[PDB]
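Shown here is one chain on its own, the form solved without the named molecule, set out as C-alpha cells.
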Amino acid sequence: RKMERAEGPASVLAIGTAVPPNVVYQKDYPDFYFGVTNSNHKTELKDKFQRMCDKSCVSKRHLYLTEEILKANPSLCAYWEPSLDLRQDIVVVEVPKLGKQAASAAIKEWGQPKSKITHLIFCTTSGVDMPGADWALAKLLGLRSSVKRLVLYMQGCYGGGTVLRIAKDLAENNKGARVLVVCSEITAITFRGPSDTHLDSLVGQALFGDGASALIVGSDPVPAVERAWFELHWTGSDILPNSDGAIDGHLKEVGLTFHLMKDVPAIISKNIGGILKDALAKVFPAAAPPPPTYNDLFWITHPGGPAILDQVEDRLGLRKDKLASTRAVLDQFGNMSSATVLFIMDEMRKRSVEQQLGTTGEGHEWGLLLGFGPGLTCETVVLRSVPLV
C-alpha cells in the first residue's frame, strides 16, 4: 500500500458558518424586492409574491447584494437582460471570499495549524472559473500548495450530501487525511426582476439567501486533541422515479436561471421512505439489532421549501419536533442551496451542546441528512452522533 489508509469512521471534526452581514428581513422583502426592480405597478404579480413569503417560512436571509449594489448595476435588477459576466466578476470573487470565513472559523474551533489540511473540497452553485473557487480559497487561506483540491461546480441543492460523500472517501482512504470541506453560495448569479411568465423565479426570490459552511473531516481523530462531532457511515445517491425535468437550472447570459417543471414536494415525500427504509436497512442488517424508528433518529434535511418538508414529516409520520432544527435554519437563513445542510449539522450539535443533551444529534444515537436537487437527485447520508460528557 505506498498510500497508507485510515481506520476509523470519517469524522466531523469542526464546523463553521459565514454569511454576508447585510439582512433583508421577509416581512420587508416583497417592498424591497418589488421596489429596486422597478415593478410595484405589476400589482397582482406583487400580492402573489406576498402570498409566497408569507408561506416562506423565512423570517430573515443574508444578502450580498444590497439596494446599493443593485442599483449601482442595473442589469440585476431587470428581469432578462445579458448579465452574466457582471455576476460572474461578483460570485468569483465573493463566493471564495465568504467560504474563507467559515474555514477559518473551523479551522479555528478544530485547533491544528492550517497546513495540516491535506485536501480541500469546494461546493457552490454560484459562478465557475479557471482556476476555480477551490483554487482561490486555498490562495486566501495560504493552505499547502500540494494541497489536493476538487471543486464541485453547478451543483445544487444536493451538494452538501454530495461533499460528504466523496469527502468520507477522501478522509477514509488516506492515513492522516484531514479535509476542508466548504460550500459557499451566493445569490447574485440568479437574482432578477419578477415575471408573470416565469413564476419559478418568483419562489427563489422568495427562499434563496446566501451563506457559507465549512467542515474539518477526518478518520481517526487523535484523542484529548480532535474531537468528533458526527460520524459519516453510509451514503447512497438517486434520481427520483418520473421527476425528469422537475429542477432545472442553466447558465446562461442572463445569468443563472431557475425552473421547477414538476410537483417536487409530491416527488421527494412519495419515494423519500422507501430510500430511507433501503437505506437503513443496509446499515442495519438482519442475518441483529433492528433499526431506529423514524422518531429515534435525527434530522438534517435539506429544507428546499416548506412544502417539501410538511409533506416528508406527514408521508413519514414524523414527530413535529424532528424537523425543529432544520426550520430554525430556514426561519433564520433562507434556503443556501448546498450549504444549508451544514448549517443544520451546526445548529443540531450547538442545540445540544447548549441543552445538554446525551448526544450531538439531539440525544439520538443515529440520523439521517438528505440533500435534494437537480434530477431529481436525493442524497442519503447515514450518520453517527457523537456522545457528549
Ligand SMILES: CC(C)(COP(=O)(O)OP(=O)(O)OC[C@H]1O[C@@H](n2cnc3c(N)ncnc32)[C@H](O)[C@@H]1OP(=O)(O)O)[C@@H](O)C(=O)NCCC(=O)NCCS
Given for the second form:
Protein chains: 2
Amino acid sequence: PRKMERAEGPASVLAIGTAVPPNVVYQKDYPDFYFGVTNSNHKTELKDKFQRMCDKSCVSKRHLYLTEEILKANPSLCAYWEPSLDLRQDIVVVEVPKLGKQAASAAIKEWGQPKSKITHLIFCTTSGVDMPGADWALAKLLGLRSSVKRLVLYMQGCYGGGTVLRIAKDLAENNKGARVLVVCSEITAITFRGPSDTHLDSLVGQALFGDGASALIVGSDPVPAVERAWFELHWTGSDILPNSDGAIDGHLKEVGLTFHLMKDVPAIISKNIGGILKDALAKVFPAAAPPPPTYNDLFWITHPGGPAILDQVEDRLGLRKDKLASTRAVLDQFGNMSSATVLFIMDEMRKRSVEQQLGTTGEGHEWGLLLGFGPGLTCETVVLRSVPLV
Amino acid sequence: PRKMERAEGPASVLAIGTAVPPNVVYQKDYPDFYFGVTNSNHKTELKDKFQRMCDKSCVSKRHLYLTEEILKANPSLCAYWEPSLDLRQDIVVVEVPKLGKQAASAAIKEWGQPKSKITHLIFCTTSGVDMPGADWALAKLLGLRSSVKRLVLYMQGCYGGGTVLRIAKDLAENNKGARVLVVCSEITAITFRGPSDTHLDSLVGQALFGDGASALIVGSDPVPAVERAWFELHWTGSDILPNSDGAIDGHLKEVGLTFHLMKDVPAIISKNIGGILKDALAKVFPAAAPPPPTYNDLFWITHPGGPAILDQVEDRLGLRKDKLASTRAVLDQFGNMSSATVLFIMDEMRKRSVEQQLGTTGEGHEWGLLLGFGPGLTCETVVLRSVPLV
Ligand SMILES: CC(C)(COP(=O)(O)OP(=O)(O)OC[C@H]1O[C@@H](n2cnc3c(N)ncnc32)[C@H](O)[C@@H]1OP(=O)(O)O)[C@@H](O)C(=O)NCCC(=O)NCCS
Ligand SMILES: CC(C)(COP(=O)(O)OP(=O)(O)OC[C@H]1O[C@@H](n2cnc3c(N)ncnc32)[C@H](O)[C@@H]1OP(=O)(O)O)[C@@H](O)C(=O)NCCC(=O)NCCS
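Switching conditions: you have the form solved without the named molecule, so give me the form solved in complex with the named molecule.
Every component of the complex follows; first up is the chain already shown.
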C-alpha cells in the first residue's frame, strides 16, 4: 500500500472561471491613445507602421489594468527605456494575484464545493516576481487551507497555459482526492512602454497583448451528481522547435519586461507543428485499433500569439476556417493574454457548445488539442477529450 | 487503458551530483575581505556586528562565483543600494545554468544511462530570471532531447529543495519510464551588496549564503542490476506557518535581490515543526499497524537556514546531538546554498553511510525527513525511505 494513494481516472477540468480588468480599450482608438499618452506624436512614420499593425491584428478590444490616469501619474511607464521595474513590480505583485483571485472565485463558485477541498495550487504568470510569490498571495486572498501544496510558475510566457495542464495532470492523477486550483494571470503593466523605431518587434506586443486571468479546478474521479467534468486530459508533450534559438526572448530589466522577436515565428511554428501533432496522435491512437481523427475532426484550443501564427498553421495543416473560430473570438475580444488565453478559449468553446446544443463540450468532436507557444521556441501540446452533452 | 501509462513503485533518487564555484572563501577571512572590498572599514560597530555573525555562523568556508577581481571591476555590486540588476542578471542568467550543467553531468555520469533517456527536467533557482529560462538553457547546454518536459521554478527561496521533490514525485510516479533530471542552482551574485547599519538582516545573508548546484535523477521502477536507488519519496506536505507573515521576504529590485528577514524565524520554525512532523508521521504510519519511528530513529536532512534554526529545532524536538551531523557538515563546508543545500546533505549522508559501513543510506535508519524552510513562512516536509546497504 502506497503511503499516498493515487487516483484512477483521467485528470478532468471541473470548472473554469475568468476575470479581466474593467477598463476596455478599443483597437480603433489605440494608435491615437498610445502615441498620445507616450508623447510620441512627432513619430509620424512609426505611428503609421503601428496603425497598420493594429489594423491587421484581428484584435477589436482589450482589457487593460493601465489607464490614462495611471499612465499620466507614472511617466516612467510611458518612456521607451526608463528605469521603472520597481514601480511595475509594485503594481503587478499586487494586481496579478488580485485578478487571479477573481477568476479563481468564479471557478470555485461554478465547481460548487468548499474551497477547503482544494489540495493543490498552480499559479502561472509572466507579470512580476516576488518572495513569497503570487501563489502565496492568492492562497491568502482566497483563504485556502494553510497546507495547500502550492507551485508558482514565473516568467513562463505564452506557452504557460499548456504547462499548467501538463503539471496539473500529474498532481490530480497521482493523488487520490486531489483537487488542483490552476490560475494563470497576466497584466501588461510589466511590459508597457513607449515606441521605438529601432524595436519594431516591441511594437508588436503593444498591438496584441491584453490583460486577463483564468482559473480551473482540475481533478480525477469526479463525484457523480456532484461534480461535473468538461474536458479530460489524456496526453501531454512539449517540444523545443528546431532552429528557433532567439525566436522569442523576454528579459526582466531595470526598465521592466522587454521582448525580442524574430519575424518568422509563424513560419517556425507552422512548419513544425504538423510533425509534432502527427506523432502525438499516433501515440494516443496506436496501431496494433482506431485511427487518429483527422485534423478537421478535432476541436482546437490554440494560443493566438498573433494572427499570422493562426493563418499559417491553418494553411499548413489544411484546417477549415471555422476550426479556429473560438480561438479567434477570444483574440478579437481580449487580445493575446499570454498564458491565460487558452483557458479563455476553453471556456468560450464549452459555452458555444452548450448554447448551440452540440453533442459534446468540444463543438461536437470527441478529441481535441490545446496548444501553447512561447519562448524557446517551446510548443506545449495537450490532447483533450470532450464530454458528451445531455 | 491509459493514454499515458503510469509507473508502479515509489519515486526514487537514482543519482546525485553536485558542483560549486572553485573560489573558496574562508569565513575567518571574510569580515576583513567584505568590509575592505566594500570600502566600509570605517563602520567599526557595523563590522563588529558582522564579525560576530561570522563567528557564530557555523560556516567555515563557502564557494563563491564572485571574486575580488570581479567585484573591483563592477563597483555597483560593492555599494549597498545602487542600480545593478541588469549586471547581476547578465551574470546569473548565464552562470546559474552553467553551474547546473556541471552538477547534472555528474549525476548523469553516476546514473550511467544515456542522457536521451531523461524525459523531464525541473530547474529551481532563486538567482535570476529569463525567458526562455534556466531550464531551457540547461537542456540546450546538456543536449537533452528536444521533447524533454521542462519546468522552471524561479524565485522559490530556501524551501525549493523540498518543492522540487514534491513535484518530481508525481512526474516520476504518474509516467511509466519517466526519468526526471532535478537541478537546483544558486549563485549569490544576485544578492551581494555592501553593508548598511539600518539593514542588519541583509548582513545575515552576507555571512551565511554560499553558491552551489545539485542535481538528481528521479524515477520509479529502477531497472534491476542497471540502476540503483538511494532514497525513496513516500510522502510530501507543505505548510504556511501561523503568525509568520513577513518573516522571510525577498524582492527582485533594480538594486538586485533584497531580503527582509525577521529575528526568530528560528522561534517560529521550532514552535511549529513538532506538530507538523507528528501530523506527517501519523499519516505515513496510521493506526488501524506499526507505530511511527521516534525522532531519534529517523534520519534528518534539514535545510540549514542558519545555526539558530538547527539549534532550536534540535532542542525543541529533543534530538540527540548527532542527528543533524550531516546537515551541519554541509553548512560548515558550503554555507547556506538556498534550495540546493538539502540535496548536498542527501549526498553527504549517503556517502557517510557507505564510508562508515552503516546499514542504510540514511545512517542505518529506515525512515527519514527532508525539510525545507523559506518565504511564507513555508515549510516543505518530505518523508523519505533509505535503501539498505550491501
Ligand atoms: C503583427 C502582425 C499582425 C502584422 O501583420 P501582417 O500584415 O501579417 O504583416 P505585415 O508585414 O503587413 O506587418 C505590418 C508591419 O509589422 C511589421 N512587423 C511585423 N512583425 C514584426 C516583428 N516581429 N518585428 C518587427 N516588425 C514587425 C512589419 O515589418 C510591417 O511593417 P511595414 O508595414 O512598415 O513593412 C502579424 O505579422 C502577426 O500576427 N504576427 C504573429 C507572430 C507574432 O507577432 N506573435 C507574437 C508572439 S507569441
Ligand atoms: C548565525 C547567527 C545569524 C547567530 O549569531 P547569534 O547567535 O544570534 O549571535 P549574535 O547575537 O552576536 O548575532 C550577531 C548579530 O547578528 C544580528 N542578527 C541576527 N539575526 C538577525 C536578523 N534576522 N536581522 C537582523 N540582525 C540579526 C544580531 O542582532 C547581532 O547583532 P547585534 O550586535 O545587533 O546584537 C544567527 O542569529 C542565526 O543563525 N540566525 C538564523 C538566521 C536565519 O534565520 N537564517 C535563515 C535564512 S536566510
